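I would like the entire structure built from these sequences, with the hints used as guidance.
These are the residues of each chain, in order.
Number of protein chains: 2
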Amino acid sequence: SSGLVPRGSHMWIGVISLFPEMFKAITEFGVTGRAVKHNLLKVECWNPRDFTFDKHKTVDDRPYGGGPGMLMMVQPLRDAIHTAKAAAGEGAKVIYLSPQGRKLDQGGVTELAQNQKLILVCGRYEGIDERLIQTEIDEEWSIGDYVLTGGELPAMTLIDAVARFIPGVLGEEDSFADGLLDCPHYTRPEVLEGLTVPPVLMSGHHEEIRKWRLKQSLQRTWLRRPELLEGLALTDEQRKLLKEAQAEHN
Amino acid sequence: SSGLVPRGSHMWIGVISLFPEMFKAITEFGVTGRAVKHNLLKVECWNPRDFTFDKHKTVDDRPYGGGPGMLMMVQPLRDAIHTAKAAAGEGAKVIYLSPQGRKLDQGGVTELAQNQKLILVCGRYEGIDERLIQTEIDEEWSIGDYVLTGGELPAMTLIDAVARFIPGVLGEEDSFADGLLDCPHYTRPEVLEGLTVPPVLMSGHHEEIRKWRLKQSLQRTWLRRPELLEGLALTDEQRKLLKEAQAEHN
Ligand SMILES: NC(=O)c1cnc2c(ccn2CC(=O)NC2CCNCC2)c1
Ligand SMILES: NC(=O)c1cnc2c(ccn2CC(=O)NC2CCNCC2)c1
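Protein chains in written order, with the numbering used here: chain A, 187 to 436; chain B, 187 to 436.
One or more hints might be untrue.
Unchecked claim - Here are the computed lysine-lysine pairs in the DSS-like style, where the Cα-Cα straight-line distance is at most 25 Å:
no., chain 1, residue 1, chain 2, residue 2
1, B, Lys223, B, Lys271
2, A, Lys289, B, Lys289
3, B, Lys210, A, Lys223
4, B, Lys289, A, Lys401
5, A, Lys210, B, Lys271
Claimed, not checked - Here chain A is said to cover these stretches of chain B; the calculated rule only asks that three of the stretch's residues, wherever they fall, bring their Cβ under 8 Å from a Cβ of chain A:
no., region
6, 210 to 223
7, 315 to 329
Stated by the list, open to error - A few chain B residues facing chain A, derived, Cβ under 8 Å:
no., residue
8, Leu290
9, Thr335
10, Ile352
11, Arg374
12, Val383
Note that these hints are calculated values from the structure, not bench results.
Idealized CB from N, CA, C, for every residue including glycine.
Below, the structure is given as structure tokens:
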């Protein structure tokens, strides 16, 4: 691979999926698409269906114990994983997305983003054999307490989230990076359905604008997500602005 | 529209996105793709870029107050929303996905799934003007405490999650529907890297298999996600099996 864009922290992500075409949604579009075109991110897919040997390329199998659903067939899925691990060489963490995994949050994104290589296994049907989790999976992660039709959308979600930490992908040490909700944002026009832009944001006063933003982030976190505040050791400035917002609310 | 598949609870989802092609990942593939082909789910996209009038089809705009990023331009985005609301007719809830929203979980999926119509607004850049949230958005939701490059992956995630509640989409009142983590699942072969299938699952004993599954779901929820247990009023059978697992662990 070749190019002028600095790629020191380039990330390689192997994906195991029965529907690799879904991943076009992050490789061909927007910020992630530009990351792939510039060689900051590489996403390489293996499809268990390509590791089958029967005439009908069977990728599901019946569960021991009955139950109404099927599981991913072990041999095609294991073979695909083994191919991806041989392509990745040494140091690739293998991740299984599922609702039984560790719950993803921005700190866990930045933990995962420290890996130069990841392999993401996407389950379909009722999931994968437990012994493959034991033998082939390093870590299990969830995007949230909800059930989807498969692990592709979780895997794409985790790719997108980690990609933002690759230097050069963005045009990061964000606002949510403070552990607070973002402040309100305003653009043209100055008046919209009779709602005006806060005068401070037109003031050109860079410090009063920084303070107002931080005070709105503290107020919104307190009102919407108060448990996120308990996670934080507020700065002296943060304590003061939060107290000011709570007095204005009351 | 026409077809033989029962579609009484068919869902219509309007999407506002600068990258509608991403939505091919759910409309053309798997369970969601079959839902769309069978007229159980309809996903219809509007792109703000199509509502621009300048020669360069501008969709971003500068934030009042400075800051390094841009915001979605109001006029194209507002026009797109208005078009989607006129297509949807009466009763469409408009949703904005963001990290400042209510945190999605399976109960909130089933709440959202009660709407026959939804419009999902996908933000890009530093987000949308606050006054559009006030004037055009009914509810703000998050998929999780992490930051992505835009609201498309959240919107697809929410589509997929709600789609599962549409009758006929699946081939539901699940296991996670108990509020518990799933039990281990096993398929062929009977022995894998010297790990055997639990004999109970080969026993053909339907009640002992149901009990073992439920006991593993309780043990795994207790060990991995103990706060999920505090949410539940366990059945007498559940209390007994949980106590049994906790004694075996100790
Ligand atoms: N929340 C996630 O990260 C998530 C959600 N669903 C996912 C994944 C990965 C795959 N699926 C499908 C799945 O696990 N379905 C089963 C749930 C328990 N009962 C059988 C169906 C991640
Ligand atoms: N968690 C979600 O549901 C989620 C995450 N990110 C999303 C969305 C929808 C859009 N984006 C991008 C975004 O909001 N980025 C900004 C975060 C605060 N600072 C400026 C960047 C949902």
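Status of each hint after checking the structure:
no.: 1; hint: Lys223(B) / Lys271(B); verdict: holds, 24 Å
no.: 2; hint: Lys289(A) / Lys289(B); verdict: holds, 13 Å
no.: 3; hint: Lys210(B) / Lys223(A); verdict: holds, 20 Å
no.: 4; hint: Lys289(B) / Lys401(A); verdict: holds, 22 Å
no.: 5; hint: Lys210(A) / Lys271(B); verdict: violated, 29 Å
no.: 6; hint: 210 to 223; verdict: holds (count 8)
no.: 7; hint: 315 to 329; verdict: holds (count 7)
no.: 8; hint: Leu290; verdict: holds, 6 Å
no.: 9; hint: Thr335; verdict: holds, 4 Å
no.: 10; hint: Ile352; verdict: violated, 12 Å
no.: 11; hint: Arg374; verdict: holds, 5 Å
no.: 12; hint: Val383; verdict: holds, 5 Å
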